[PDB]
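Engineer: Next come the chains, spelled out residue by residue.
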Amino acid sequence: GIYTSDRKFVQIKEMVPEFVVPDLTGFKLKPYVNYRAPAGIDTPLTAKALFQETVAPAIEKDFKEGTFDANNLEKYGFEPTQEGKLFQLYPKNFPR
Amino acid sequence: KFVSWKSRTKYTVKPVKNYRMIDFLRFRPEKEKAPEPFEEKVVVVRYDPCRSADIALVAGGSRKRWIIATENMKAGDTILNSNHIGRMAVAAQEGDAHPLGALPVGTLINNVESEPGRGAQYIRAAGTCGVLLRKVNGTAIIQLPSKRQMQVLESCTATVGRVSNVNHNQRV
Amino acid sequence: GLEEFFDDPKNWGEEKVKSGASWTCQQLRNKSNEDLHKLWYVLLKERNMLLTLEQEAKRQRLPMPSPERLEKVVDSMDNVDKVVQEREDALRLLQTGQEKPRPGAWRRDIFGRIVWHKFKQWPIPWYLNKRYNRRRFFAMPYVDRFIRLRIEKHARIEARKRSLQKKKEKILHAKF
Amino acid sequence: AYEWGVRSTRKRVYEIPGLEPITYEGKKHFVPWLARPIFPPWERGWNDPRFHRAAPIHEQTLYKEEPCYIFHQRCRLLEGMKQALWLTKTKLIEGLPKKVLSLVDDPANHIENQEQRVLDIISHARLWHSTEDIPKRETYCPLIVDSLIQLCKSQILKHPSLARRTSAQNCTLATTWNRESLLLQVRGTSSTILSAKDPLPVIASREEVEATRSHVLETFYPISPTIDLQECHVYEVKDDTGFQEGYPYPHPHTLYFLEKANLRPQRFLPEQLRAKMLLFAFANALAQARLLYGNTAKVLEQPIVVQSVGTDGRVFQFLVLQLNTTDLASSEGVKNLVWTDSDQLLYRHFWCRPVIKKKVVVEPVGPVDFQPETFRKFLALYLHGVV
Amino acid sequence: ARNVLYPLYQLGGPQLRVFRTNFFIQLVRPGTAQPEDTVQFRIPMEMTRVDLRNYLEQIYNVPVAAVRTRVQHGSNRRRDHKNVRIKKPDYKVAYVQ
Amino acid sequence: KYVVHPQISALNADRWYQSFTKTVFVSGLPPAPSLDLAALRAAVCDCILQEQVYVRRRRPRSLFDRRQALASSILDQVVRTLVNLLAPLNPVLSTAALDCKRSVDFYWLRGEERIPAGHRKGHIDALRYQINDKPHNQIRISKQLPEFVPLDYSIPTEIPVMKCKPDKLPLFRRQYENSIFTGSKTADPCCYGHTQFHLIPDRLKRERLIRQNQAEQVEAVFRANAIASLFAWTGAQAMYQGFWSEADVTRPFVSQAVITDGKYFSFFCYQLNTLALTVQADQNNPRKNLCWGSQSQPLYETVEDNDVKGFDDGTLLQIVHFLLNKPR
RNA sequence: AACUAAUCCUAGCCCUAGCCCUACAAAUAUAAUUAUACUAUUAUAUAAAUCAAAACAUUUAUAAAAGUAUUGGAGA
RNA sequence: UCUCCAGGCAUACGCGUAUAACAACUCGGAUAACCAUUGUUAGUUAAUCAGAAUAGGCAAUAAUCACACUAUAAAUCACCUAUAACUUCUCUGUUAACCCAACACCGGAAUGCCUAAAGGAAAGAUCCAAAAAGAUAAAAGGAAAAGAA
RNA sequence: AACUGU
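Residue numbers (the entry's author numbering), protein chains in the order written: chain 9, 40 to 135; chain D, 62 to 78, 103 to 257; chain Y, 65 to 240; chain 5, 30 to 40, 48 to 423; chain U, 2 to 98; chain s, 90 to 121, 129 to 424.
No lab work stands behind these hints, which were simulated from the structure alone.
One should not assume that every hint holds.
Stated by the list, open to error - Covered, in the sense of this in silico footprint (three residues per stretch, anywhere, with C-beta under 8 Å from a C-beta of chain s), are these stretches of chain 5: (1) 149-163; (2) 199-208; (3) 240-248.
Said to hold, decoys possible - Below, simulated EDC-like cross-link-like pairs (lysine to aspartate or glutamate); rule was C-alpha separation at most 16 Å, straight line: (4) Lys261 (chain s) to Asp38 (chain U); (5) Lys197 (chain s) to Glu267 (chain 5); (6) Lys64 (chain 5) to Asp173 (chain Y); (7) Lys261 (chain s) to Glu37 (chain U); (8) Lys118 (chain D) to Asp156 (chain 5); (9) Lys146 (chain Y) to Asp62 (chain 9); (10) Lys131 (chain 9) to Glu135 (chain Y); (11) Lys149 (chain D) to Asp162 (chain D); (12) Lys87 (chain 9) to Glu152 (chain Y); (13) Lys87 (chain 9) to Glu150 (chain Y); (14) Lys109 (chain Y) to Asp62 (chain 9); (15) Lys264 (chain s) to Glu37 (chain U); (16) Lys194 (chain Y) to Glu61 (chain 5); (17) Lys359 (chain s) to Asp172 (chain s); (18) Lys52 (chain 9) to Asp52 (chain U); (19) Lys264 (chain s) to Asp38 (chain U); (20) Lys126 (chain D) to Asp162 (chain D); (21) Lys149 (chain D) to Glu124 (chain D); (22) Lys102 (chain Y) to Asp62 (chain 9); (23) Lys281 (chain s) to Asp169 (chain 5); (24) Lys69 (chain 9) to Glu152 (chain Y); (25) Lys87 (chain 9) to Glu163 (chain Y); (26) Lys67 (chain 9) to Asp99 (chain Y); (27) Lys95 (chain Y) to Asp81 (chain 9); (28) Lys259 (chain s) to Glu37 (chain U); (29) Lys47 (chain 9) to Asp161 (chain s); (30) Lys69 (chain 9) to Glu135 (chain Y); (31) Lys69 (chain 9) to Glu98 (chain Y); (32) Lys124 (chain 9) to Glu152 (chain Y); (33) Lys281 (chain s) to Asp156 (chain 5); (34) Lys67 (chain 9) to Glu98 (chain Y); (35) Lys67 (chain D) to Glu32 (chain 5); (36) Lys259 (chain s) to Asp38 (chain U); (37) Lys69 (chain 9) to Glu150 (chain Y); (38) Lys116 (chain D) to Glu267 (chain 5).
Note that CB positions come from ideal geometry on N, CA and C, so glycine has one too.
Whenever a hint applies, use it, and build me the whole structure from the sequences.
Structural biologist: This is the structure in structure tokens:
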């Protein structure tokens, strides 16, 4: 909130966080995992991996067809600006 | 980072937390008047904490302003402030502000200004009186308390009479 | 629910509670973005219940049954956070190329050291922010003497380190 | 020494054409070794009231070259009574209206144990009301007047016609009129307005109203009539009776104005209070005439009578005003008739604690030199127009 | 969420939403004698009483009538073998009806 | 000593206050000249409801007090007119004294506690309570009101009992002057009173309370304010007569009060039977204080144009019925 | 043969050699470590003296030629 | 329960867990009992108690129960006119027999209320030494009472 | 002078 004149507290609804609680009904993931389940080797996701998985197939097909141009870079997923999104990648304007 | 304590936005005659704002430009044309001679009334002779001499409240028209008190100022006295240079001798009431041209030679004066419009800066202390040593045309000689005799234009404003506490110089 | 804050009534009084292995990072990566957010709360709920039980145990001056459960949940939660962070980090780099979510730059302090300064968001610009301008990002002339001392101190640290190793080496020769 | 000018103040690379000097704007922070950047005006993206600045008066759309002089509660007239008469174009008759005096002559008007009840009310209003040993005028002054009105309001038993009037709160009165080409505005608010369904009886006949033409407003040259008024260049023309149109009690019976300041320097002088009452009472009367007869300027065939009472809890001032003309542009002609009764003391002094001198109770806890006549004069105004 | 930066709010800005919560709370048997409906909770010092109200209402669907909270000073009298004062972590006790 | 607020948001505050006061609250009103009720449906001054649209006043700067300020203006005007209108029928109103926003104070002791720690650990001290109230309006008369039930009247209902300490419910003790006040000093002839008027703040109004989930507490706020205000006010009156803890009242002291939320109106009646509330003074006392209260009821529905629609005479009749009551 | 005590070797260091150097979150110069506006923001003149001249005053160091010559209260 | 003594309670400031319960008997109290010690756990709950927009216009007349009444040491923003904003209760303080004096130092320590209903204990035991200190009593006498200069 | 174990 914000303290206005006269030493009076004025709570701001926007600045008050709202807890987004997921629905756990039908969700099969639980706090613990089976010892029967093999441990997973860590393979952290990277920009190259994300680009290869999603963006590369689109460009590869388009490039062979020849329908590739700078103006359509956004079509493959480029964002000219982070404004307009509730969650902005940079500068980070959203909380966890 | 230094700000003077005399920082009141509005000039007032009420004591200020007390200090009373004094006015040393005697002929300041008052509201609802032309830049012509105007008269004022000495409402009260009060005590000034920040000055040795006692200040007399002089009121005229719609404006009330504190001024330094001369030797014989008392409550209810009439004070005239004139810019016009009288062709003949102008009626002299102690404490009145008149051009040196109007006054005759030999009249005790105080709250004189070295240059016209400068404002009262000398003969403001208790018992200090300036003697009009000489008068010629538009020039007059005013003796300041420092013993410096200076020649100034007749337009310079001088207040008749000695300052209050006439025996300040005679203090033992 | 209130019951979720506490362990199963059947498990009460048991020496331990049977629980499996914690979530590994790769399995969480396989799970969807929505699933990851759902799982985080599930782990958090278990963590709070285990924390709730542990605090009561401290009040009762009693041991916590199966303390490894809390460690497993925390490990799973830690794995979840990095997996989600990895996806967010990758996309930010792709769209913007910035290696850090928060704007920053290298700045020199009054001591002459070069440190990464994390930028702060303000409603006013820097030039109109006197307090931000009041903050000192410039090194004084006298820091040159300190800079020489820092280089000398670094050399002194290496010299002292060799002396420390020498004393250890003495016993190695004596022992062997 | 008188100082002209605030005493506080008293004891290359850019020039190159075609090139731009480097500045620490890129650094994003000040450094003494770099040139000061040139910053264009900053845009916040929204308006902050804390950092907002009011636009100048002249830029305002409502700005008008002619000055509108507005009179409010704090305004103190230099000439006092004389200025008010000139501004309101009214003729003054000393004393209350002949009718008002006759109201209390009737024995039925006098309250049973009127003096004792007033004495009890005065003691209650001053001492018994609060637990404080010596309550201040800021508290008892509103209370005493309210208690007196209730006692007067209790007379409905004797006169059922009194049920046709009621008192409102924080009524705002305002009017705009011209005097000898001078724009004048009076703003009055606060206090209470007693309103009745019927207009107060006219005190002066039409022949007397015409006789007012002989009277001439006194002048005080060279001081302007606008002295002591708030000179306004941004203003709107408004007429206010204290109520919106449709009020079932359109006629104001009395206009009260209380001065509860404890300290005499904080209290307006008796002359100033009456001068304030005259302008405020005139404005309320003028608003009624303008609403009834429109904005046209003419002599009123049916005069409007309104009353005003001003008291500080110890001194009571009674004012009765009759509006005879709306043609106030000229200073000569039919003039409004006003009746003034001033310096009516309910009591000379009151002791809120017993005064014991030499182990003798010289003064009790009660009013000193209590005058029941003042309440009778107040009672006369309240009952006027009904009995 | 604790130990994190919260977005600065400006006029017309979005409502603040916390999709992932780092606040962890513990239900504790009341040390003092309290009404049965009243419940004591140990919560991070950075959490507000309003946050607890939303936290219980949303995450655990618990209806709350009134909340009273206190901050317990951690004793720093304890010293280690080196005579260095040890400070107990400060914790906040919340009384929720 | 504990500081007691007549208007408080604590749960079951009326029950807690009753335990501190030894008052039993029976639901409903206490056991028991034509004036054109229709004329009073409008003589009650919908005119001030008409004037709130006509009477021009400077706008409040806050913009939040506008609603609350409006309620105060109408209530004050309605009270003034009602006293005058009902004066001819009931002579008591003629001699009555009207108090506006004045303070009523009472200081009483009930129970005891053992100091848990400190230099005085283990010492026995009494539980001190103070009630300070400023009713919107109250009527003070020179003659006691007629009793609604004979003194020593006994009913099977039991006074509330509080398991926990007073501090556990939000309550704080402070050391200051102890005051017992009837709304005026003893010198005032009107040592008794007719009715008390209270206005609930916006924070405790029904709409906010329902949103806050404390819908059931709406009646509790009415009861807590009524019991605290009436008991403290009644207790001061008895003390003015010389009755204190060791000299219990020989005659029952009765009073009534009305609490309104701005639209709904509630009526409460209190009878004071015991001044001995200390453990020593109340060690063997069979008498108890009795309070009768009624549910809050709307006085109207809305006020559009320049008139009031939906005015409920029944609430006004209770005011008329209450005002017409006089001692026998 | 008893008490109080004593017993010990690594804790580490020193000098040359070698070598220049380029080693979490959150909060912070405002009141440092205070998540957003206030208030503009800023070091440093010969180094001297002490000291030696038994005090003190000009003065007083900081490869061979060679401690040769000059200089110097011709004295340290 | 008895005998006797008579600055007590709140706040400020400072202190910072010395608070409370349990468990210990080594160390701390200049001795015990018991803890102020040692270990562990608990604690102080506030919409009411406390802390954390702008531009113009305009002001003569102390207080003292403020009336009379004087005096001298000379003693008080408001409200108008415009502009801007548009629905609010979070955060923090709350324990104690406590502080400044190296010490559990016969010292220092602000304000409000009240003067016992609040708050306290001079006696480790024995003996009745001398000598010494303090207090009380004096036959006759009065420098060997409170009066004068 | 009185007063008192001076």
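Engineer: What are the numbers of the hints the structure violates, in ascending order?
Structural biologist: 3, 5, 8, 9, 10, 24 and 37
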